[PDB]
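Listed here are the chains, written in short residue letters.
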Amino acid sequence: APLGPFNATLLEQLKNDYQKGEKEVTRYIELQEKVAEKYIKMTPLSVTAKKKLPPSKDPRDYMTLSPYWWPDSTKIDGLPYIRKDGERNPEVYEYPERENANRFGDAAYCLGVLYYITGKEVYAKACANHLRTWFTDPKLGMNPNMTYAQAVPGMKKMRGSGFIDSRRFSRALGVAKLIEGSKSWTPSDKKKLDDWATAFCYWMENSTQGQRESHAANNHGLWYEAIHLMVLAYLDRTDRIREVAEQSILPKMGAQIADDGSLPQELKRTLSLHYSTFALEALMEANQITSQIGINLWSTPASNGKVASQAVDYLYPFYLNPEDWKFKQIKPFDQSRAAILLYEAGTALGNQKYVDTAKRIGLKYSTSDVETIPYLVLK
Amino acid sequence: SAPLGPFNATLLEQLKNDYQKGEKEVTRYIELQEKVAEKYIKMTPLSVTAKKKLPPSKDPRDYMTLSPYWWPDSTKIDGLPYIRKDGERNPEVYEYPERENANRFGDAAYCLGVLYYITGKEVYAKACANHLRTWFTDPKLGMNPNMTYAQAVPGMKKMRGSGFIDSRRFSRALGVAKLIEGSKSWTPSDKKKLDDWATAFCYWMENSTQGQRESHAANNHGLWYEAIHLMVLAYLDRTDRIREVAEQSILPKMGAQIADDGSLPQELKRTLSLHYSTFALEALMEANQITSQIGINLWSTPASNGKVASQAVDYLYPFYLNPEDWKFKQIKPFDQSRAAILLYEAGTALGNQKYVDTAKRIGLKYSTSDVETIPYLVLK
Ligand SMILES: O=C(O)[C@@H]1O[C@@H](O[C@H]2[C@H](O)[C@H](O)[C@H](O[C@H]3[C@H](O)[C@H](O)[C@H](O)O[C@H]3C(=O)O)O[C@H]2C(=O)O)[C@@H](O)[C@@H](O)[C@@H]1O
Ligand SMILES: O=C(O)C1=C[C@H](O)[C@H](O)[C@H](O[C@H]2[C@H](O)[C@H](O)[C@H](O[C@H]3[C@H](O)[C@H](O)[C@H](O)O[C@H]3C(=O)O)O[C@H]2C(=O)O)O1
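These protein sequences, in sequence, are chains A and B. What the first sequence shows, in my numbering, is residues 1 to 379, in sequence order. What the second sequence shows, in my numbering, is residues 1001 to 1380, in sequence order.
Think of the hints as simulated: they come from the structure by calculation, not from any bench. Cβ atoms here follow ideal geometry from the backbone N, Cα and C, with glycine treated the same way. Some hints here could point you the wrong way.
[Claimed, not checked] Short derived list, chain B residues pointing at chain A, Cβ under 7 Å: (1) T1049; (2) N1090; (3) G1363.
[To be verified] Straight-line C-alpha distance at most 20 Å; calculated PhoX-like pairs for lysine-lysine: (4) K379/A to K23/A; (5) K38/A to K1365/B; (6) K328/A to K1329/B; (7) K331/A to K1085/B; (8) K20/A to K120/A; (9) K1307/B to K328/A; (10) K331/A to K1269/B; (11) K75/A to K1053/B; (12) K84/A to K1053/B; (13) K52/A to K1269/B; (14) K51/A to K1051/B; (15) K1053/B to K34/A; (16) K1042/B to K1016/B; (17) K75/A to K1051/B; (18) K1332/B to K331/A; (19) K331/A to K1052/B; (20) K51/A to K1053/B; (21) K120/A to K15/A; (22) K328/A to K1327/B; (23) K326/A to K1053/B; (24) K34/A to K326/A; (25) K51/A to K1076/B; (26) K41/A to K1076/B; (27) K50/A to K1052/B; (28) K1076/B to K52/A; (29) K364/A to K1076/B; (30) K1332/B to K75/A; (31) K331/A to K1327/B; (32) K268/A to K1076/B; (33) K50/A to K1051/B; (34) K75/A to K1076/B; (35) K1039/B to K326/A; (36) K326/A to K1051/B; (37) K75/A to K1085/B; (38) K1016/B to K50/A; (39) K84/A to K1332/B; (40) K1085/B to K364/A.
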């Protein structure tokens, strides 16, 4: 499979069994095709579909509200907003690209993966329509920056924390590699998207917000590099992937994993079991890419000997019994998010207990959740 | 005496008197409230018709919302029929603009009407009236007097009345319209149209199948149904029905929902059981504000089965002191501040000084813009 943001071993396995006519996989993929029909019909979304413009006056600039920031009722105008960690302010739904970037990413990811498995041009054609409109269209495509992501009303300082919103469309950028060679994805489409991704990568690496987010000491820094690797893999910069893993990701794990395997930065959050998991999910998506060029992020040590498997070990009994979690968790933890994580970490580590638990938790066979498409092994 | 309506009339009367006498503490407080209310003077009046997705009637004037705990079923190709996840609000609710717009309207109209009653400034009555006309009576922008499509659920086959509870945000604004009668801005023609709207809404509430079913609900839905009912009846000056509703529906429902230890078993089985225990009593509290203005105290009057609402407060009081000791499901954090007004209301009605003290110790923030706290300077 081409380099991209997915378990390549599982995708290659699905395509091969589908091409041999294997009954269980053929039936599974035929279910997924029924699920994907809505994305063939879906009108492509654009970041420009908003009324309230960002301070640039440019509808092509992505803008969202940082989700944990609320108006202050003791201020006459509610300004400046104040932080309530773990409490999502419903005002976030006033910025259409918060949910539309998710809907776009799901649509393009599903369609590109189904084109890779089946070879049906109808999937590449629809994938291409979503990609062109979200990324490259000179009127409807988004500017390659995250300047106004997770803005906060009244906040004086610039922040890079909104960059983490990019993971919702950077997975779609990576899956675009899967539709290269189709009739629908022309050399002109590829050149424009190569150019967009080059500009997005430039902004990521050199803007102040990008720089600050690259140095964040919690899951923001881990997710930044997961996104970075998606952009770099799209652009075939395998040398850069090696450098990022060795000079950013591994040092970050070494600093963020404690000696007992806990993630102290996540333990002080109000949703601490969720944010411990979210950190490892960032490592999990990074590893899907690094392991396609021979770097296993679950078992490769930092310079201090700490390994990401130690973080899984610490959390494993709490994936078995979330009720035993002893740190602040002000909403219930969804055990199901452990399923793909424990499968990913278990296979990478040869840890059969992890894989068994991933299957016992499982995923629903007929779920339409697009990220579960490769994981028939869990359904 | 203040007009009959959905507010603590004793505190409102005391604010108006002190304000007219020039008392410093009250004058300063009301001047803050006036600064707060300025955004409502400028605010463009909202309308239920400001939606794109129309309801099955094809009438933009029909109120329609999504029942908040119902979600697409990902294991179905079209996600239909939706399934219930108690206590987990599905963000799709924000696709129906009147969910939050009925809230914003209710806040604007309540604040402006209360401030006209306290200050006598015509500017507050004029703005209040603009919001009322647009939301209720306007022949194009005003809502139809029903809740047929409130809290609909995609794929659900049966009709439900559970969405009626959405009415409490605008029925409080209806009640406060009584406060602007006599202003120059609220004409006799305006009052007549709103009287006719409220009469039609009252008919729908009482005689539609959805209204009848909600009137029979065995949990906080039944209590909120009658709290809303009293607001409509008080707006219409039907003091006879207020007495009958209190004696024949509210007290028997309240008595039937209270267990031997004072707990509310219908609310204890919810995923937000401390919230829904509190929410049940808030319905009784708002109901009592109206009944006690004609001499019926719902906190201390026993039902015919011997149960009295004070017993429910007694059960919950230690958990307002320490919400973490709550031993039932509460999958999101409980806001202790919601205990403040509840304990003041129940404490004052019962002569329980322990409750009132706790109410002030928890307190409300002096400068808050929350319109429901306007009468409660005693807590600020
Ligand atoms: O005030 C409230 O409790 C409201 O809660 C939500 O309504 C709930 C509530 O449990 C209702 O009593 C009703 O429950 C029904 C329903 O059939 C439910 O599916 C289950 O079978 O129990 C029934 C019962 O208790 O008799 O509807 C529930 C629902 O989520 O639809 C909402 O109305 C909410 O807005 C309000 O806060
Ligand atoms: O942790 C996440 O991945 C995350 C996702 C949400 O979308 C949102 O970005 C949220 O971010 C919060 C997290 O604490 C960030 O690390 C940052 O925290 C900074 C913030 O200014 C905070 O008040 C304090 O100063 O810590 C800062 C830091 O850099 O640690 O933003 C948080 C926020 O809620 O904005 O979590």
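Going down the list of hints, with the structure as the test:
1. Interface restraint check: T1049/B against chain A, minimum CB-CB distance 18 Å, threshold 7 Å, status violated.
2. Among the interface hints, the one on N1090/B is violated; its C-beta lies about 11 Å from the nearest C-beta in chain A, farther than the 7 Å criterion.
3. At its closest, the beta carbon of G1363/B sits 13 Å from a beta carbon of chain A; the interface hint therefore is violated under the 7 Å criterion.
4. The hinted pair formed by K379/A and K23/A meets the criterion: a straight-line CA distance of about 15 Å does not exceed 20 Å.
5. The straight-line distance between the Cα atoms of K38/A and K1365/B is roughly 49 Å, outside the 20 Å bound, and the hint therefore fails.
6. Taking the CA atoms of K328/A and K1329/B, the gap is about 16 Å. The hint holds against a cut of 20 Å.
7. For the suggested pair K331/A and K1085/B, the alpha carbons sit about 14 Å apart, so the restraint of at most 20 Å is met.
8. A C-alpha spacing of about 16 Å is found between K20/A and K120/A, which places the hinted pair at or below 20 Å, so the restraint holds.
9. A distance of roughly 39 Å separates the Cα atoms of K1307/B and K328/A; the hinted pair therefore is violated under the 20 Å criterion.
10. Between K331/A and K1269/B, the direct Cα distance comes to roughly 18 Å. Compliance with the 20 Å bound is thereby established for this hinted pair.
11. Straight-line distance between C-alpha atoms of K75/A and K1053/B comes to about 35 Å, which puts the hinted pair past the 20 Å bound.
12. For the given pair, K84/A sits about 33 Å from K1053/B by alpha-carbon distance, which is inconsistent with the 20 Å threshold.
13. With a C-alpha separation of about 42 Å, the suggested pairing of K52/A with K1269/B is violated against the 20 Å cut-off.
14. For the suggested pair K51/A and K1051/B, the alpha carbons sit about 15 Å apart, so the restraint of at most 20 Å is met.
15. Taking the CA atoms of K1053/B and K34/A, the gap is about 26 Å. The hint is violated against a cut of 20 Å.
16. Taking the CA atoms of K1042/B and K1016/B, the gap is about 24 Å. The hint is violated against a cut of 20 Å.
17. For a cut-off of 20 Å, the pair hint linking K75/A to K1051/B is broken: about 31 Å separates their Cα positions.
18. A distance of roughly 5 Å separates the Cα atoms of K1332/B and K331/A; the hinted pair therefore holds under the 20 Å criterion.
19. Restraint check: the Cα-Cα separation between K331/A and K1052/B comes to about 33 Å, which exceeds 20 Å; the hinted pair is violated.
20. Simply put, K51/A and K1053/B have alpha-carbon atoms about 18 Å apart, close enough for the 20 Å limit, and the pair holds.
21. Between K120/A and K15/A the alpha-carbon distance is near 12 Å, which keeps this suggested pair within the 20 Å criterion.
22. For the hint pairing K328/A with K1327/B, the CA-to-CA distance comes to about 17 Å; that is within 20 Å, so the pair holds.
23. Restraint check for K326/A and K1053/B: not satisfied, since their Cα atoms lie roughly 45 Å apart, outside the 20 Å limit.
24. Proposed proximity of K34/A and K326/A is contradicted: the alpha carbons are some 43 Å apart, above 20 Å.
25. Between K51/A and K1076/B the CA atoms are separated by roughly 33 Å; this puts the pair beyond 20 Å, and the hint is violated.
26. Taken as a hint, the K41/A and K1076/B pair is honoured in the structure, with Cα atoms around 18 Å apart against an allowance of 20 Å.
27. Pair hint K50/A plus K1052/B holds up; C-alpha atoms about 15 Å apart against a cutoff of 20 Å.
28. Pair hint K1076/B plus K52/A does not hold up; C-alpha atoms about 35 Å apart against a cutoff of 20 Å.
29. Using a Cα cut-off of 20 Å, the hinted pair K364/A and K1076/B holds, with the two alpha carbons roughly 11 Å apart.
30. This hinted pair does not check out: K1332/B and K75/A have alpha carbons roughly 26 Å apart, beyond 20 Å.
31. Among the hinted pairs, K331/A with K1327/B is consistent with the structure: their alpha-carbon atoms are about 16 Å apart, no more than 20 Å.
32. For the hint linking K268/A to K1076/B, the alpha-carbon distance of about 38 Å lies beyond 20 Å, and the restraint is violated.
33. For the hint pairing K50/A with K1051/B, the CA-to-CA distance comes to about 16 Å; that is within 20 Å, so the pair holds.
34. Using a Cα cut-off of 20 Å, the hinted pair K75/A and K1076/B is violated, with the two alpha carbons roughly 46 Å apart.
35. Between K1039/B and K326/A the alpha-carbon distance is near 45 Å, which puts this suggested pair outside the 20 Å criterion.
36. The straight-line distance between the Cα atoms of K326/A and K1051/B is roughly 45 Å, outside the 20 Å bound, and the hint therefore fails.
37. Between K75/A and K1085/B, the direct Cα distance comes to roughly 35 Å. Violation of the 20 Å bound is thereby established for this hinted pair.
38. A C-alpha spacing of about 45 Å is found between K1016/B and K50/A, which places the hinted pair above 20 Å, so the restraint is violated.
39. Between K84/A and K1332/B the CA atoms are separated by roughly 13 Å; this keeps the pair inside 20 Å, and the hint holds.
40. Taking the CA atoms of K1085/B and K364/A, the gap is near 17 Å; set against the 20 Å cutoff, the hint holds.
The structure shown violates the earlier hints numbered 1, 2, 3, 5, 9, 11, 12, 13, 15, 16, 17, 19, 23, 24, 25, 28, 30, 32, 34, 35, 36, 37, 38.
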